[PDB]
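Starting off, we have a lone chain in the form deposited without 3,5,3',5'-tetraiodo-L-thyronine, written out as structure tokens.
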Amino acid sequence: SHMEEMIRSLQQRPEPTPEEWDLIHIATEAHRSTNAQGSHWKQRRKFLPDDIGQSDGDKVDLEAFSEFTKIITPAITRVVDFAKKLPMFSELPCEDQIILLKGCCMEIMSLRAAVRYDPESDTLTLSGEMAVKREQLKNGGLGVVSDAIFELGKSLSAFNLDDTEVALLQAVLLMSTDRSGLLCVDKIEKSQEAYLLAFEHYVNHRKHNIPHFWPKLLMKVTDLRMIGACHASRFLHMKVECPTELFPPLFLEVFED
């Protein structure tokens, strides 16, 4: 950290262009509208009871699993609905839309839960409705991914992210070419770079009193990708241990193969 304050004073921190403010407002309203309770979630959230996810070495609590899979079909649907509201997504072929959602769905869901972290109760709130402790989400299926989402939630309290920063982060996660099978690779790659640049410029506009904010927020993309990859491993475990009848059709569609 030699000459850090001057180097910081010397960086170019451009605001968003008129064309970038189009993406930002559209994305922000796509997020807000598909995060319905997002205004009033803290005021009217039901805590999942203390007996539900309580206490071999890695068996799933089916009562807790059942409570999560009851709400998950709307949760997945909120993500699909978010993607549909972005212009560069809806134009894509059907096979690409599927691949992009299969890749990012848990990444987005986890981000949304983590921004609803409450330091007071040590709880995440899921889909604006269901407040859960770490132990409950762990034993209900997620295992170590529970610990990872909570650790992300705690670390994002400092970042004071608004609806726009969350929205653009979701858009960056959605428009990744890291998945196999995509036809329209260039149109997606070009869309991501447009969101990334718009996002950096909005972060410049916000002026957080936090050193290296933008690099630090980019490290959270890696955290979310690790959540997504690790969840794929847990979903196999869930499919082995939990009865099939507890998996909704949309849940199976998004996370199999």
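Definition used throughout: the rigid core is the maximal C-alpha set that superposes within 1.5 Å between two forms. Numbering follows the first chain given and starts at 1. Compared with the form solved in complex with 3,5,3',5'-tetraiodo-L-thyronine:
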Given for the second form:
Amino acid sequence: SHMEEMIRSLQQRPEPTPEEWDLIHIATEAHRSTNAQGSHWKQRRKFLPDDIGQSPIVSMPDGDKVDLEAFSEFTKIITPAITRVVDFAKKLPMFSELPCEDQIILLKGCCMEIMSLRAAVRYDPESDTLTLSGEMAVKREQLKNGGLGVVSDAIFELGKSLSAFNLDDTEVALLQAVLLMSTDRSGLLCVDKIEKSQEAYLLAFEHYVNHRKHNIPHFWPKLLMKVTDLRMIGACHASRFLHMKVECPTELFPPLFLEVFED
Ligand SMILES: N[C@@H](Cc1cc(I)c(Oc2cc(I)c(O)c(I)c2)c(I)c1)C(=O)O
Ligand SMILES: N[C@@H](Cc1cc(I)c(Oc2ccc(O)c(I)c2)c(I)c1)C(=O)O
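What about the form solved in complex with 3,5,3',5'-tetraiodo-L-thyronine, after the form deposited without 3,5,3',5'-tetraiodo-L-thyronine?
And the full complex, kicking off with our chain again.
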């Protein structure tokens, strides 16, 4: 119609359908309601003390040693952070309608990917820190030494790079949904359903990106490349975590931390 043509005049690229907009809205709100500190994170965060995370003392196979005190500080707050990812997932209809066993598998498969993304979008250029759970600002060396090793470098590099993308809450939520609904995991029942859900999120996401009209060229494939980086972060973390478990006693690991990663 004439009105449609008028408001779509400066559009070319496909916009979200009314169905995709519903999908987009639910995911955005699921993220906002489970994202710690919302928009008050820069005012509310406190820095991890500088005398913490300077003393790596416990050996690891790759030679990046672990600072036990720093490791303790990070794990003290990891349980509520993991809980929030589960809270997010539970709010997506396509996730909550899966068999319980599939839900657990998907959560374990994407948990580090999502937490790292949530840290990375709160990279702060002026202090050169990430913010963990919207409350702990950490430096590169601290997060490296407290257990993550080279995984810390990778997350900081992602966070630095994401600054120019100016992602909004919707874009973050949709990245999360895409990470969540992956079938690259063993033991899933509803493979086809999970893939169709990921495809629906991906297409809504591509269309939302069109709607946003970012200033950066080639935005969509650039963001897809970031998904691959998050995947590699997740994989490096899974490997390092196995090593952590070999080196350190169970008592240093919160129960939920072990459960999500012990796979
Ligand atoms: N179900 C899939 C969906 C998915 C497919 C592709 I195709 C893709 O894009 C790339 C780009 C490069 I470069 C790669 O090396 C790889 I591997 C994937 C991405 I991002 C995600 C999944 O959950 O991953
Ligand atoms: N910032 C996120 C939550 C978040 C919390 C923590 I503690 C993080 O550090 C980790 C993660 C895995 C580890 O094995 C170790 I040792 C440290 C990261 I990276 C992210 C949010 O806002 O939800």
